[PDB]
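As a starting point, one isolated chain is supplied in structure tokens, in the form deposited in one PDB entry.
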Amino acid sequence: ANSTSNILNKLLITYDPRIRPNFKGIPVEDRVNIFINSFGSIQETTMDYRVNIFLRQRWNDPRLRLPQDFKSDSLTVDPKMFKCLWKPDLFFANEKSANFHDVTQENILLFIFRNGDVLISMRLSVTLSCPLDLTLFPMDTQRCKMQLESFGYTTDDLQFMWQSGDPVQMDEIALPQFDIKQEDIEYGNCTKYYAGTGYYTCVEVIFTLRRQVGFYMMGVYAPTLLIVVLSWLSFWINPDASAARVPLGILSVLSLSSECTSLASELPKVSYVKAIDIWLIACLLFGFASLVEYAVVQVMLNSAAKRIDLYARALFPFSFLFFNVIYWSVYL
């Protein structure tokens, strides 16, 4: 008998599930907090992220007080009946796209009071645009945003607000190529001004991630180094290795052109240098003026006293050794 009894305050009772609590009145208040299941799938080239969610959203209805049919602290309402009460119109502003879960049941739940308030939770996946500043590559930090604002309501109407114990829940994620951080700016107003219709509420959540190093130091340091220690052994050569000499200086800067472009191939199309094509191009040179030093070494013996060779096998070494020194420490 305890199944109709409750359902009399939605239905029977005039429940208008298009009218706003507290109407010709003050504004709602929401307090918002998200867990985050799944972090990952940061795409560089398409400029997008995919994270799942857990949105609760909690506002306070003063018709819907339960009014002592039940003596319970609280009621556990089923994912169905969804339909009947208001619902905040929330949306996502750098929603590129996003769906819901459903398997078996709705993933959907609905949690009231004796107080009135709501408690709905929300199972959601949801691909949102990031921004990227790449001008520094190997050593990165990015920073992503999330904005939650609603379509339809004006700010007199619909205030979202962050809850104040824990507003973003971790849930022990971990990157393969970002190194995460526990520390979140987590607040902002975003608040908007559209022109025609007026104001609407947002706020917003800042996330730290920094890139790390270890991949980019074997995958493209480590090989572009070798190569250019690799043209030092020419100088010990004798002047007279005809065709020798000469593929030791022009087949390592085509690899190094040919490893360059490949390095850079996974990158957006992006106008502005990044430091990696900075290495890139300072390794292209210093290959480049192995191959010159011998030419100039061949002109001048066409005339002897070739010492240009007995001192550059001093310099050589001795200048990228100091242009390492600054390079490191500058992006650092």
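We call the rigid core whatever largest set of C-alpha positions still superposes within 1.5 Å between the two forms. Residue numbers count along the first chain shown, from 1. Compared with the form deposited in another entry:
- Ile19 is not among the residues whose C-alpha shifts by 2 Å or more between these two forms once the rigid core is aligned; its shift stays under 2 Å.
- Once both forms are fitted on their core, a CA shift of 2 Å or more is seen for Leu8 between these two forms.
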The other form holds:
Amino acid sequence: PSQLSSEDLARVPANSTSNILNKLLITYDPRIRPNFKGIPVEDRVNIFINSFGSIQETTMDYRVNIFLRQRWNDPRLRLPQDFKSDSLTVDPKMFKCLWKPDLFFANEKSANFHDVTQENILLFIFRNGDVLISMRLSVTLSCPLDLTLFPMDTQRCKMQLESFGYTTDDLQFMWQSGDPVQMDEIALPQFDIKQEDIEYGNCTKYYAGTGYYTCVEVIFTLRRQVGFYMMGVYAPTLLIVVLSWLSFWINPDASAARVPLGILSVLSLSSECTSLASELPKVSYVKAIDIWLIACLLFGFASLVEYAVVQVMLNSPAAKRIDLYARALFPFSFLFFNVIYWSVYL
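What would you give as the form deposited in another entry, now that the form deposited in one PDB entry is on the page?
All you get below is the one chain by itself.
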């Protein structure tokens, strides 16, 4: 519909989009950009965060639902004072017949539009010629993660909006002056999202043999909640260390009792470490949680090595000094480690 000035246009209604919009788009070519061979277009961009979530660590991505707003002055699309209203709120189906910038998310993994009952798009045309197109999009963006300091880490995730076909001489993207990213009252399960967003901007890309292209970036600061890992990792490992100390009160001559206590404690901690690796990606650097697990394994290992010394001393022909000292120092040394560890990581 409306292509080539809606063919004959024999119909004669009275002062509707049958007349106004068809008269507006009688000589409109969506293939030719506004202000052809002249000033590059300036496209104001806004985002509204419908839902933020699904920060997956295995694939290092997150999925967001947003509304994309754009604004650009179109000289051809000027209301000829026929309507005293500053807006038209035309049918959403009309987006196909008007020029639109070729915005695309450079870091995106998968995108889909949404068709609940109709196309989820809003088109507005002000009197001066400005156009406001809104669109409902669900985008899966890619976020590189630095998992050092893992249980207690902060992560910056970006969103880059750039053009694919028009260079910086024809099309230019900029962020809206006031409130560019209007978030929603949302809550994340495992993360905390601040209201301070770094509107970095620039990001202008240079590709060899094609030229410069415009880009705009919005960086989101996410802080991880440490509550889950307290109950999940730190408390279980701390418990197993306490069981390891129980051997120091069990009889020195109870070889068949203390030895199972030592070995089953060490092997239980090792299995707990393996389970943690399953969710995390196969990174090659050490994480903060690892220094905790190494020390817990070291204390577990040192309990069994302590008994081996006792068994040598008893059979060497006393050994009660070794056990008595172990009862005091082993909790005491663990206390110092905890003080240094938590203080270092605040």
